[PDB]
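> Each chain is listed here by its residues.
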Amino acid sequence: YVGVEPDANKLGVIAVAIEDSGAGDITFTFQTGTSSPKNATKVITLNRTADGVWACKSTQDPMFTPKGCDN
Amino acid sequence: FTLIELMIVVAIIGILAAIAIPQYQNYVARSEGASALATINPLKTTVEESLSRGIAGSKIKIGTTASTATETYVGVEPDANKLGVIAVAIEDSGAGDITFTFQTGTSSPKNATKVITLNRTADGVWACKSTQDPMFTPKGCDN
Amino acid sequence: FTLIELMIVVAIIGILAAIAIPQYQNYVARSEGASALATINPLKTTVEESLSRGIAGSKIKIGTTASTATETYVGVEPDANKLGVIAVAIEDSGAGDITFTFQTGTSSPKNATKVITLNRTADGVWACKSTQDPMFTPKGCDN
Amino acid sequence: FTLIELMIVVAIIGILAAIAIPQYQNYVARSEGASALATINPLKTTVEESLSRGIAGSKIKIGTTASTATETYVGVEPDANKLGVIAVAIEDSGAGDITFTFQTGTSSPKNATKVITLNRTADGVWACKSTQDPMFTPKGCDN
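Residue numbers (my numbering), protein chains in the order written: chain A, 1 to 71; chain B, 1001 to 1143; chain C, 2001 to 2143; chain D, 3001 to 3143.
Isolated chain A, as found in the complex:
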């Protein structure tokens, strides 16, 4: 267990879904009512392939997307 609650960050919940093959993603979905309207219902995904390659994908606006995460 990662040691934190899904709602530890009030901005949104965190979901960890890793398959048995090693492929999976870690998502942070901003929730309406606790996040700014621009970032509401946006997802930041840390996708991991079965080969162990980590990539960051974000559905936010390109201006608001943090560095190192593709949009």
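A hint or two may mislead.
Listed next, the in silico DSSO-like pairs over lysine-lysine satisfying Cα-Cα at most 27 Å (straight line) [stated by the list, open to error]:
| id | chain 1 | residue 1 | chain 2 | residue 2 |
| --- | --- | --- | --- | --- |
| 1 | A | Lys42 | A | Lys10 |
| 2 | D | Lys3082 | B | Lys1139 |
| 3 | A | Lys10 | A | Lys57 |
| 4 | D | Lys3129 | B | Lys1139 |
| 5 | C | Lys2061 | B | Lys1082 |
| 6 | B | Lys1059 | B | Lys1082 |
| 7 | B | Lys1044 | D | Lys3129 |
| 8 | B | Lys1044 | B | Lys1061 |
| 9 | D | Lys3044 | B | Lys1139 |
| 10 | C | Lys2139 | B | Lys1129 |
| 11 | D | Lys3061 | D | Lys3082 |
| 12 | C | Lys2059 | B | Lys1061 |
| 13 | C | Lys2129 | B | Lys1082 |
| 14 | D | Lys3139 | B | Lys1139 |
| 15 | D | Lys3059 | B | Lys1082 |
| 16 | B | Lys1129 | B | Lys1059 |
| 17 | D | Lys3061 | B | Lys1139 |
| 18 | A | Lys38 | A | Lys57 |
| 19 | C | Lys2061 | B | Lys1139 |
| 20 | B | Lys1061 | C | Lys2139 |
| 21 | B | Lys1044 | D | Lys3061 |
| 22 | B | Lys1082 | B | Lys1061 |
| 23 | B | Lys1139 | B | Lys1044 |
| 24 | C | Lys2129 | C | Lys2061 |
| 25 | C | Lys2044 | B | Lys1061 |
| 26 | B | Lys1129 | D | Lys3139 |
| 27 | C | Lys2082 | B | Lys1044 |
| 28 | B | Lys1129 | D | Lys3082 |
| 29 | C | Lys2082 | C | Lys2061 |
| 30 | C | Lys2139 | B | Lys1044 |
| 31 | D | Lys3110 | B | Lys1044 |
| 32 | B | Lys1059 | C | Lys2082 |
| 33 | C | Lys2044 | B | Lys1044 |
| 34 | C | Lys2129 | C | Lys2139 |
Honestly, the hints are just simulated from the structure, not real lab data.
Starting from the known structure of chain A, fit chains B, C and D onto it as the hints suggest.
Relative to the frame of chain A, chains B, C and D by itself:
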């Protein structure tokens, strides 16, 4: 506290993130293969020596039980290496193989359920065969 | 300075907080276990070699004192690793164990007062036993 | 989050970097040379024994084919060691050499395309010659 102070902090937080994380499961898989090969390699000496002294191939087992004049034990448990179990199956003719099968739950997903086989023919020729990926296969073992 | 400026700063301060901090003591405990095992693992070679050359088991001690033809010292202090002390107690028959006991005040609370034992039987069979938690126990050591 | 917190993190990141990495290819080259020499060293026993029993030098080959009363095989594949291939070329007069040529794609760049030769004269004198660098040349082999 000023907004420029906090915006600089946010910018440095973003810069300190985005650090690219290279692949690392290949290193773990290669180390697991090397560890398995180094675990089952000395068992070749035990089998060959026992066959040289006349001990029957069916009497060469794996375990910590004290080896007698007629029975030989390799001196290690089958699960001594947590990566997988070790099986020794030598026939009376001298033909046999030593296998290291990685077990799910204690080995990396790439190497899970893979077998490294040290096949011995009846003529005394030793060969190493591995079912892992060619990149993860240790040197000296055919794939 | 405007109140909207300061309220935006307060909001960004709150947002920059609330960053979830995952568990980290497990990593420290696992690293401590690995370090202890790597510290006491080479001592197996010293004991086995000294027993092979005929040096009495009671003469195999731990310390930096120059080993003579009859006495053997592992070459490291008992407190060489600050995590805990190392004790070598080999009987004359060849049976003995090498223990690494973590000491309170220099080791993590999870691993404190835990012992990693490399037990050797009179028949020359080496086994690793650890009293730590099963999650923190290094591979190859039974719990 | 404060700017002093982040600047301390940046400073510790910089300090944790800058760790000098010493040379390591020399170790790999030396280990490769030692492994090659240990691979081709036992083949001296096979050639000498076969010549002593009267087997023709041209009949001493390398492979896992079952050796007959007239033909002798060393029992290993030419590519048994992934570092390079092994070639046995003994003349009928007894003169010959055993070569280990490192192959590009499986050996370190320093040792690539280098040959370790165990030359045998017609008088039965064994000598080791290596084309590697003098630092990487294993002991007992002239450069």
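> What are the numbers of the hints that this structure violates, sorted from low to high?
Result: hints 5, 7, 12, 15, 19, 26, 27, 31, 32 break, sorted rising.
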